[PDB]
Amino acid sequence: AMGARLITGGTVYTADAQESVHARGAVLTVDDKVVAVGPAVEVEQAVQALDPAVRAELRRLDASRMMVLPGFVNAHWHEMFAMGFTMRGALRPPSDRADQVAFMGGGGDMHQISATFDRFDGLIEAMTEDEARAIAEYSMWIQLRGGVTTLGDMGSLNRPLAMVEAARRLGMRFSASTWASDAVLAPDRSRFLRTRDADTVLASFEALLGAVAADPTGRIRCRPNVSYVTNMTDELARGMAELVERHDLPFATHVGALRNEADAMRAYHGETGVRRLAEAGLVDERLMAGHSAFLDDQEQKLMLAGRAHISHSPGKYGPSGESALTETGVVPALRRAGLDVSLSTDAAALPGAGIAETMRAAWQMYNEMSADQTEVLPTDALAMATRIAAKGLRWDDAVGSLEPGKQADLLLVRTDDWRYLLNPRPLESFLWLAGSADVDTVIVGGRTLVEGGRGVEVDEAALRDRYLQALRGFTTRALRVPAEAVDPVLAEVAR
């Protein structure tokens, strides 16, 4: 962006170190940065202290009927929209009555999960560049529409460079990754099959790192991940450790996700996920561990001693049949012991809970478990979806809070309807009765991308129609689903 903007009159949640809230607050931005944030009258002094040239073109946004938030940082996300017709998706009968416990449910089917994750590379290769771009753009637009200004890929069924291109075009921030799986649990062999050379998987991530260095927007970073500790060799783990030290990067993986994980890990690898990561030298401040609930006392102590990070998705565990909240209570207990814990959406093949829905879930579920309405305050849920997530992503230098020097990444929500009436804590009303759909305005680096809940830098109808066309092509050609099953569903879409 170019020029100064003053967003004044609303309640401003900063998610700074003090979790500061300013009723009748203001945010002054110049180009892509926040320069001043506080009470309207304090910020008005900063305006009078600008270069006259800058003040003369200052745009004033009246936000008195609005709440101002930092942009959501969704640090644990997967692009999976290519599986819309197959994965718990568009071909199910409308009735749910015949549904069965499957996949992640009932403790986890570890063989099926391992095998499914090892198949990703083959399905990515079956995708056209246009299908990748069209599906990435729509999938990432849905995140942006729900207030996500910084999105973290932790392993996607899509082409990394298609997703980088989608992020560049949409105007949002993206931490790109590659799919990394070099082992599969084969029960008929009584061993893991080493499915790939660790060094080839690491070279692919270095090729992505080289391509993202060439992007000049400052909006694209990358972070290597391992799909899941079941699908990781010692050689992949040691290589990731060496790569993240050499390039000074964050690192992400899924670990302690499922009840049946530890038993499969001991049987096939001879050791549980966190202890294998710890041996490789990966349990340290760089680590974002997805889920990380099924940890014994030694593994909890390794996470605390390393000052690691856990990303938690309490909005989506129930519908997947996962028990990564209440079966162990470990993630809330590690948060109480001073571990950084952020909130993330995870993802599915169809639209599911956004950050706003995940913030509500944490606020309900952590407080209920501890019989304590102060364990997660609404401003805690916000910090867990903004500043603390940015810290796990190692992007808190630039995003996650409204503070002088950080990027002008912010959301406006309308607070003038019955849901907000008389509440001096509009964030609380937002967690009670609002969601992703209630994000009104989205600004990234001082540029408005969304306004009145509408994209102002995209053709929403085009994003939708290209996604449906891409999904049809990929589903019929790559997934070999008959056109007879696909076309009736696409004919029912309300355009």
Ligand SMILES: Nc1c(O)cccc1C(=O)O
Contents of the next structure:
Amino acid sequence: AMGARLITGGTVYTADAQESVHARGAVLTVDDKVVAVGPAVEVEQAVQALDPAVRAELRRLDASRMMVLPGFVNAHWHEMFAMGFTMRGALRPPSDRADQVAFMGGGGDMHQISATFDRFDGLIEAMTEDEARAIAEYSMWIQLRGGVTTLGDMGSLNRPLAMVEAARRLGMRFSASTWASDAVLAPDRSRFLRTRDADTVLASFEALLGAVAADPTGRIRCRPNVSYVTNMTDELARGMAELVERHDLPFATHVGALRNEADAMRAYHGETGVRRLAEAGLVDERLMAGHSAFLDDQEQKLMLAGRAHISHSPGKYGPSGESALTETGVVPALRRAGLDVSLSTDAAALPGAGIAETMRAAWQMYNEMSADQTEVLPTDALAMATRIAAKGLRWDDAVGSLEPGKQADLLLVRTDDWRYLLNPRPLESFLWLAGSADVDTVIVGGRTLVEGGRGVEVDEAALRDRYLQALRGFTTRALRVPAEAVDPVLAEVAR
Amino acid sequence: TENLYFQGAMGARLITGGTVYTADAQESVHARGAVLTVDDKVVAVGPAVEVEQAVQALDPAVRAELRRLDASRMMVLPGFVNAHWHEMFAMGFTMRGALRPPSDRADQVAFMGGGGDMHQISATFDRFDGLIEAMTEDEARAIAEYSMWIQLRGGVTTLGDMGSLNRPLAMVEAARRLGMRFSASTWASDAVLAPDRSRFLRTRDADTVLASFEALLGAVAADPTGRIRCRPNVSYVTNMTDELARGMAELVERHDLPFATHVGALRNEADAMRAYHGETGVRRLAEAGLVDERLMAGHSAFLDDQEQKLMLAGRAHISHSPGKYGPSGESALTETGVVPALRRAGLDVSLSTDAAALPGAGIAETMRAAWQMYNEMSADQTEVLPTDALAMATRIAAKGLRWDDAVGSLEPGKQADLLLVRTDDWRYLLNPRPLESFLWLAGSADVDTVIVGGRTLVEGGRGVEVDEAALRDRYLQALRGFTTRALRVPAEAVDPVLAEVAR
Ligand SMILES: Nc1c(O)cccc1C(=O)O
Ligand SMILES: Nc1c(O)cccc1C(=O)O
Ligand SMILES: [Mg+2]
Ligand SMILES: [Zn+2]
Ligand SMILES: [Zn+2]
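Got the form deposited without 3-hydroxyanthranilic acid (3HA); could you also share the form solved in complex with 3-hydroxyanthranilic acid (3HA)?
Full assembly next; the chain just shown is listed first.
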């Protein structure tokens, strides 16, 4: 048991229903849960109400030189670190001058994207259980280090049980998934090609659900996803709808992500993504739609009528050549209309924008588009990365805000340097001039996992070295990159 | 004399083993590169082994005193050239500042937001001369030195004033004391747009404003450091008479100077310009002879096709500040898309921070913003490459400032103005492009070392000669006096905020 902890004296951002901020606020936790949060004097009354033996062992943390946030909920993420040598990765020349528009850039290479997604099952099968565990634990550590206390898999190039084991070892919360692709859009065909049977794909998810059902930690859940609506048969869509109704689960997919998606969907499936999801019964409160910007008026109305959720990743669109913010403006418009919209990192094969970077991006970019410095307030960017993300993941019963009865998941950020001087809004200074590396302390269920920007039980150097060994094996064996190209890069690593 | 500020010659320095970004004309990047400097200048830059050959060619006495810096765990950048900045820290209590409630929930669209409150902006700018006069020499010195220190700390080695609420000679003295380079200016507003009037109100004589700039130019003509230049500006085309515009054109031709102003900054600007001046900003500048190669235009996004053609024909320069538009409620990137379009058409476009009264986005944050935002708008990850974002904050900015003779790139004969950033942590692991990792996950505070003219001013993220706590405390004392006396904020509101400061 973690017993009682009092974190007192800092600026506390709650992300509660009123987006409450407490200057010189305090948080009292007992075991895994928040018990009191508000002005220091009010929380001191809760301290006096503790069991005497619990009060005797109270851990008092003077956070007067810090800001307190809820733990970040990154509900749209992919484990892709196994592709570090090949995907925008380690073998590129140092000069960027010859870079080309490719993959998700220029409206999207829909054939290449579809084929790449349909290859995941084969590559996951080729990865060893040991490689999967080493790569997952390092990849998920990097999320935790940047303040992500609850992480959502929306389809990973890794083994689901390896990622569950990594989350268990790290102490973070994880919504696990399985890879789901049962169709490919091929250049030499006028219609989708079925690549595997929907019932087998659904059985893979049911096997994961069976494996994590008996989790006693409260830190492991699961959520089925479809990779991308291009790679989704009507049978897979209807099967997902039946599965999430039967098990009372959330559902996630990627839809309306790219300019070129709608034409490819009409050519290969006869209908666009949101309308295909709607026909299957998937456009409802359970849906987290990744990106979801290339929607016509009817699809926007389906999302609003269904009270579906959009996860937006404005920190990473430009470097991918994606245009899911400004080309249509649909996601900010649906948010203004009162659709739930959260912020997520998406992912790549090397470290990219974290939640802190994504919060800055939304604050800058949504506000500039509308000439309105109030459209996304800093506290809105925080809500979008905590409470609203937890609601989309159906984990807001336990996480996403600092309120009595919720899990004691919180971050401390130091505010005593030049960036924060004279600002009564330390979260604003954090969005101007700080990021993932400025997360100092990470607490999950009352347990400190990160302190002073260092792992408490995590050995960062040990996780890194096991990840690099695993990456070497997978890259040379499964991706067939010559050892002659890999080993000199690993020899360069600053240990 | 220079000796008042710093003493001694820097001799030879070899910075070797890191990834070196030159921002030279070829945007050259050297993995395991090196930079050899002698006194104030770069002598050689390239692969470590090639630069070692240049070390062997040094004068023996110079080689005997060579300082070798192991940059193997670092990235080397040119010093940032922030050519569009304002000293505004005197307004820390009033401008999106220290007296706001901690909750942001009641914030309103105001000032620059919602297309721009053109009357309020114009009136605010025209009040600067009175507030600068009200500021004491001691207040000006303390506020300038801390404000400009924060720029230097974030890797700005060359800073351009485009109109400050501070005393010009106080900012020049601050730059001399800090060891950085500075393009000084003077405040220039001779018109205001008032609600109850059919044309602009002339608020002072153009010759007064011109004389103020000529006095600064006279004061810094005698500068022996090579670190101080000056450039006249007009605050904003709203606050500019035809007489001031023509006087500025005559002055920059006679003295062979660059010129800067703000134009096409806001949706509501064009209608206000037509209502009060009979013509929009770029066309008024063009009529005065100011749309030419000397011009650095701040923001410059709300331009019609004819105004875009005037800028291209004149080969003018735009300084863009995409890191800070959203928090001001500005729309100078996406509403028109003009600045990325002019860049694609071959106009010189640089990146700058603009400024506010408290720390905001620095150059590192602005480079990330351009990389994300220009590329997302075009669905093109190659429109602004990371090395383009660096060029826009170094060499191209120096060209717009007319300082590219000496700064903005690591090339033989240019000034030894360099940054080091540590690249040994998780953010950079396996990336052969550390600048890309820096744009993803780092910023101003990750600048480790700052060298100007071969002299280390910042090392391990700390001032070498700067007393950080002392600069801060002098700034806070100066801010207290100015805020209570000149801005008439009650001491009862100011003192509790100063009592809260964490020392
Ligand atoms: N980023 C994506 C995109 O542009 C299209 C389809 C899927 C994704 C993704 O986030 O996996
Ligand atoms: N940011 C500005 C604006 O929006 C209008 C006019 C001037 C400025 C400025 O940068 O000073
Ligand atoms: Mg509008
Ligand atoms: Zn995704
Ligand atoms: Zn400006």
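Numbering follows the first chain given and starts at 1. So that the term is clear: the rigid core is the largest set of C-alpha atoms that superpose within 1.5 Å between two forms.
On a core-based overlay, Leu236 has a Cα shift of 0.0 Å between the two forms. Look at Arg189: with the core superposed, its C-alpha moves 2.3 Å between the two forms. Taking the core as reference, the C-alpha deviation of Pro216 between the two forms is 1.4 Å.
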